[PDB]
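Trainee: The chain contents come next:
4 protein chains.
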Amino acid sequence: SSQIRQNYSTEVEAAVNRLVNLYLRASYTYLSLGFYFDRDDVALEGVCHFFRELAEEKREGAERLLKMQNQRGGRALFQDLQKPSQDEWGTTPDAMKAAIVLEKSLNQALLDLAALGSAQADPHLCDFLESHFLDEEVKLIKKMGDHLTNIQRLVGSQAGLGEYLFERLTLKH
Amino acid sequence: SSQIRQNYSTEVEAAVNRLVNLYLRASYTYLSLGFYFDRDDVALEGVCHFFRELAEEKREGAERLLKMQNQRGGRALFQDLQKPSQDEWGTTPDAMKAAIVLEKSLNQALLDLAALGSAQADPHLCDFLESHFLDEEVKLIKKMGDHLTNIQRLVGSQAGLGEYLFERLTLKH
Amino acid sequence: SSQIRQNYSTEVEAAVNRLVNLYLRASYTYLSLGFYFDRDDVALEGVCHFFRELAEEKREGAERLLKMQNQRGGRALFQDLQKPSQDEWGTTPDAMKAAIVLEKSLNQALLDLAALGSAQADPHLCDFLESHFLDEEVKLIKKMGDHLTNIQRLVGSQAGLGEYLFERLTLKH
Amino acid sequence: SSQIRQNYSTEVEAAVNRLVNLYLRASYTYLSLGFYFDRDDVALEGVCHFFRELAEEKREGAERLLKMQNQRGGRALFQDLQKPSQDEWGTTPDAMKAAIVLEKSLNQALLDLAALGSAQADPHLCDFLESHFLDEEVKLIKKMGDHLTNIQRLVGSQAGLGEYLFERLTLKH
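Protein chains in written order, with the deposited numbering: chain A, 1 to 173; chain B, 1 to 173; chain C, 1 to 173; chain D, 1 to 173.
Hints listed in this document are in silico derivations from the structure and should not be mistaken for laboratory results. Hints are supplied without guarantee of correctness; some may be wrong.
No copy labels: a pair is met if it fits in one copy or bridges any two.
[As the list claims (entries may be wrong)] Derived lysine-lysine pairs resembling DSS-like cross-links, with alpha carbons at most 25 Å apart:
1) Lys67 to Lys142
2) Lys67 to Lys104
3) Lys172 to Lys139
4) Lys83 to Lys172
5) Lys143 to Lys67
Chain A with its partners taken away, still in its complex shape:
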């Protein structure tokens, strides 16, 4: 039951639950990406840390959504978290490309929820999504695109050398 629910549609409530699942799935994907780069036969620790920090960010996104669900008087419903799409993630550009695909899919889900909010005349969604979700997503995707461009520039020259240099000189330690 809820004594507080007001102007909160069943459609939005369901979309929010779906988005929680998407963020948690993304977090899981990033966990797998991070540990792949920590393999002794891959050993690019800056990439390990980059993806692990993304896993944390996506889990935090999911938690923000769940907190909002309860604030509005909606009810969290969890579904299975499907395993990541790959067991091994190939080269650094392969992984960065996969990350961008993943982020674009999350962004589209956010765009769809924003549209739904407008269609349902639910202006709280405007405050909720605009900064911590939509703006963060635009910023993250820009950073990922920038990273992809740098690694592509580097591996065009020499692949092994390029991947090492990117990990040492772009990624944080």
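Using the hints, position chains B, C and D against chain A.
Mentor: Positioned in the frame of chain A, the structure of chains B, C and D alone reads:
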């Protein structure tokens, strides 16, 4: 006169004045609630302080609206502030329920103004309302619902004991 | 490939992957438990925080296992994370009982891995499991049993009052 | 003579003496590796320091074993320290490979002693070996494998450039 008014409809200007009256009326209601709980035959000071702090918040809301009215080149018009709906506010759950009804009515007024802003293509209202009003309202109502649930849980067990414990252990001192 | 794997059986490698899945599933279960207690019609925030902190601990356990998997030259393989067993978790004693069942199942999995390590003459597992896993589990289960005993003592007297008092006076804020 | 020896087999006592010799031999090998990289016609100082620090670690391991030998009432017996297997150590990947072979041989000796401890029902060996020896060895070998993977990635691109970059950007100064 105004040398600055731009894209600010008479409808929005009027709605803003009405909302000022609603916030001030809410502030007045909370003043009465607070002092009721300070009666020597009620004597639940945590509840006194909870409602007095709400009275302050609602007055602050009204002042934010009036500042915005002037920023846009609209003109503040004040009306009588109707006395609160009750002279005595019953039990703690009675009062918390009354507070929630009051807050839901303010929230609906905010929702109506947000809708009007969209209908009038007045995007400044989006920035203005989203955080200090719509988000604050969602957060406040969640807190009130949580409080009501706790006091209901307690007075289901034993009323006197329950009201005392809630005031001592949930409410701030 | 691995250039480092030594004395690390395929059986242990598989068991470790299974245990990662179990820890992540437990983390997910605790996420659901925590948010259930944050519902406006439940509103027991000490219980919210207790389970959320457990969710963090279980995720940390999974990450420790994955780090060890790579240290040994094994290969992480992720599977679907099955949704928690319930959508709503009943009373505080209901939830604490469910937590204990969950923890006992993790503990049994740890016991099985310890046995396997001994059977495979893999003494690194002795150092790895003993403190951060086996000892932490014993300590956690003792705390949970203590909590269950306290809430049972309280709800035997008066249920609503008992659950409120436990949340206020035992659980951390 | 000893007035303290209890549950300490002659087999374990002998194995411990052998392991002291193995650690000291490893320390000696690392001394030679370090100074090879300090040759003016090699001049990779990060590699000098990496191997010198390993020489220190192995000597410390030997000293820990000797302290334990006396704590148990066993008697240290020293044998000749055979000279390292090479006078010159080739390329950085050549040396890193040689280090890994060396470490795997020490690890196997530790595994054998752990097995012997279990066979002799000598549980003090469990506490003694688990962290400072078995866990340290797993961690060290992971680091070495990671290093080998990075240098292999680099020298696959361009050997001279690769060895220089690894020394400058991976190894500590």
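Trainee: With reference to the structure, classify each hint as holding or not holding.
Mentor: For each hint, the structure was consulted:
1. Taking the shortest alpha-carbon separations for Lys67 and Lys142, only the inter-copy value of 11 Å comes in at or below 25 Å, while the best intra-copy value is 27 Å.
2. With identical chains, the CA atoms of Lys67 and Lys104 are at most 25 Å apart both within one copy (24 Å) and between copies (20 Å).
3. For the identical chains of this complex, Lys172 and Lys139 are neighbours both inside a copy (17 Å) and across copies (22 Å), given an alpha-carbon limit of 25 Å.
4. With identical chains, the CA atoms of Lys83 and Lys172 are never at most 25 Å apart, being 27 Å at best within one copy and 34 Å at best between copies.
5. Taking the shortest alpha-carbon separations for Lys143 and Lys67, only the inter-copy value of 13 Å comes in at or below 25 Å, while the best intra-copy value is 27 Å.
Consistency with the previously given hints fails for number 4 only.
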